[PDB]
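Novice: One letter stands for each residue in the lines below.
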Amino acid sequence: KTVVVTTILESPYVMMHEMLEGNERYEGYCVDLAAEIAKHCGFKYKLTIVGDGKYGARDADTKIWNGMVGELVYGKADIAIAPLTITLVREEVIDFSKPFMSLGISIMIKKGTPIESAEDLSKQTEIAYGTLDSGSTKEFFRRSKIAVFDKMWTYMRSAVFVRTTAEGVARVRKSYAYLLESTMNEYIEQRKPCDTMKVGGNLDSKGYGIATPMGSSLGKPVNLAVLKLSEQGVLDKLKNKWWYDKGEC
Amino acid sequence: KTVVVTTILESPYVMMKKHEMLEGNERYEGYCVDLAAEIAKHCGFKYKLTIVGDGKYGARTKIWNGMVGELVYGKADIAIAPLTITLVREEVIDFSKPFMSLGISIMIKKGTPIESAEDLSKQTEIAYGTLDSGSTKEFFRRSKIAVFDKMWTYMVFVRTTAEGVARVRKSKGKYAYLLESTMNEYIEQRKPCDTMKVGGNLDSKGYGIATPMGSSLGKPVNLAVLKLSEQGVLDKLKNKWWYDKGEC
Ligand SMILES: N[C@@H](CCC(=O)O)C(=O)O
Ligand SMILES: N[C@@H](CCC(=O)O)C(=O)O
Ligand SMILES: [Zn+2]
Ligand SMILES: [Zn+2]
Ligand SMILES: [Zn+2]
Ligand SMILES: [Zn+2]
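Chains B and A supply the protein sequences, listed in that same order. The first sequence lines up with residues 393 to 408, 412 to 506, 555, 566, 632 to 677, 681 to 696, 700 to 773 when you count with the entry's author numbering. The second sequence lines up with residues 393 to 410, 412 to 453, 457 to 506, 555, 566, 632 to 674, 681 to 773 when you count with the entry's author numbering.
FYI, nobody ran anything at the bench for these hints, they're computed from the structure. It is possible that part of the hints are untrue.
With a Cα cut of at most 25 Å, we get these calculated DSS-like pairs of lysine-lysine [said to hold, decoys possible]:
1) A:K641 - A:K695
2) A:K458 - A:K641
3) B:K763 - B:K716
4) A:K471 - B:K744
5) B:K669 - A:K663
6) A:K656 - A:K641
7) B:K663 - A:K752
8) A:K656 - B:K761
9) A:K441 - A:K393
10) A:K471 - A:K439
11) B:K744 - A:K752
12) B:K722 - B:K765
13) A:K763 - A:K722
14) A:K663 - B:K761
15) B:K744 - B:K434
16) B:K434 - A:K663
17) A:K763 - B:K663
18) A:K752 - A:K441
19) A:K441 - B:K765
20) B:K744 - A:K695
21) B:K763 - A:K663
A few chain A residues facing chain B, derived, Cβ under 7 Å [stated by the list, open to error]:
22) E486
23) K493
24) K752
C-beta: ideal position from N, C-alpha, C; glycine also.
Only chain B is shown next, with the shape it has when bound in the complex:
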């Protein structure tokens, strides 16, 4: 039967189309990845953009998951192929593949902003900064016990958050610093109008994983699929294809 694949519109992972029908509406890293995984695992699939346009978090009172994690937990989709960050709270409710891409939280600034590091952000007030409202980065700052980061969190929760990455980029370009993951950051660094740059090293190191509902029969297949693709050099080729082979700066 057709596997329902949940995913999110996020460049260059999944991108737009009005005249097309199907998965063919979309292009990108996770699109090609979906196709390869499907090729090696031998199933048919339908790509579907996560309903609330979010990655996934749990509301602390209502205790319900949103975003792609929610659509996995509540049986609305059979698999998530996306820049979905492997985190503890998520592993608590769903299954993750071995990571298929490395990344870390990093700072994006408008070219010319006098910022060198996260500590620089934590020591000042003139430049605002925030993260994605539902997502692993915000959870990182919320739960962080590091002085600089607890300080930044203390600022942020009381101040700066955006609903989508595009809103964060737009907010930076029209200003404000944006805290976002290095992969998406570096991708935008090579995008017109070429007015943003990454500053400082990454704040942490984690990975993107393929996600299935906890206990799904697909976990092993998608997991040997990811490992196969990695060892065959397919993943490096895909990143090269969508990041650097299309750099506009």
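Following the hints, put chain A with the ligands in place on chain B, whose structure we already have.
Specialist: Same frame as chain B, but now just chain A with the ligands:
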């Protein structure tokens, strides 16, 4: 009931303490020792540490040996060691999210005129090899990359990493050792400080906590690994066993 943890004597992951007077898991110190203790603490089980019988990591008479074998054939309940996550291993056992990153790298005696793998593949005066049962040797065996099929075609193997290191140190630069960057970088800061890593890594892969396929332990050890990483325990531990003990 007691969980049997299979592991391998490999510095700084699992080592004999300065042990004859001791009994138990207390016989050992090292990265994977601390890691095991934390994993057990967060998963709430008791465990007995056991050194893999044939001292091997795992390869496939079609029978698995080493820690992979001891998992497949029910000799241990979990492997906590520098055991590399690979496709062929995933085919037969389960792996946690990786708790450490690493890549294949070249170890040479200080003064050897070698910069990269291509240089090794292009010459004959300096011999080179890998661990006999292990993921590196498999990497070269299965590599479809020209240089690496060339090196494999050439390839000199050792039974333990210590034999490879000793071979490097006693070969007067006529032998290079192909081994994982973590272990390389570790030996790099160890007396007699006569070895160095050359070139970048040949690949990028990981070490994982392993369980027999379908074990109820996979999930627990996997949330434990994710917690430990996120709480900074892993970075602290690597700092502890690698760099806080650097002799150069
Ligand atoms: N990849 C993140 C979303 C992006 C971000 O938070 O910066 C997640 O899985 O939650
Ligand atoms: N970590 C490797 C052994 C060391 C090596 O092959 O260099 C493995 O799990 O097979
Ligand atoms: Zn449209
Ligand atoms: Zn393929
Ligand atoms: Zn001893
Ligand atoms: Zn602890």
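Novice: Each hint should be assessed against the structure and marked as holding or not.
Specialist: For each hint, the structure was consulted:
| no. | hint | verdict |
| --- | --- | --- |
| 1 | A:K641 - A:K695 | 23 Å, holds |
| 2 | A:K458 - A:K641 | 34 Å, violated |
| 3 | B:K763 - B:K716 | 19 Å, holds |
| 4 | A:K471 - B:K744 | 23 Å, holds |
| 5 | B:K669 - A:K663 | 50 Å, violated |
| 6 | A:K656 - A:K641 | 19 Å, holds |
| 7 | B:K663 - A:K752 | 14 Å, holds |
| 8 | A:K656 - B:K761 | 24 Å, holds |
| 9 | A:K441 - A:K393 | 10 Å, holds |
| 10 | A:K471 - A:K439 | 17 Å, holds |
| 11 | B:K744 - A:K752 | 22 Å, holds |
| 12 | B:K722 - B:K765 | 21 Å, holds |
| 13 | A:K763 - A:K722 | 18 Å, holds |
| 14 | A:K663 - B:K761 | 15 Å, holds |
| 15 | B:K744 - B:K434 | 15 Å, holds |
| 16 | B:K434 - A:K663 | 21 Å, holds |
| 17 | A:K763 - B:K663 | 19 Å, holds |
| 18 | A:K752 - A:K441 | 22 Å, holds |
| 19 | A:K441 - B:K765 | 48 Å, violated |
| 20 | B:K744 - A:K695 | 45 Å, violated |
| 21 | B:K763 - A:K663 | 20 Å, holds |
| 22 | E486 | 5 Å, holds |
| 23 | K493 | 6 Å, holds |
| 24 | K752 | 5 Å, holds |
Hint violations for this structure: numbers 2, 5, 19 and 20, all remaining hints satisfied.
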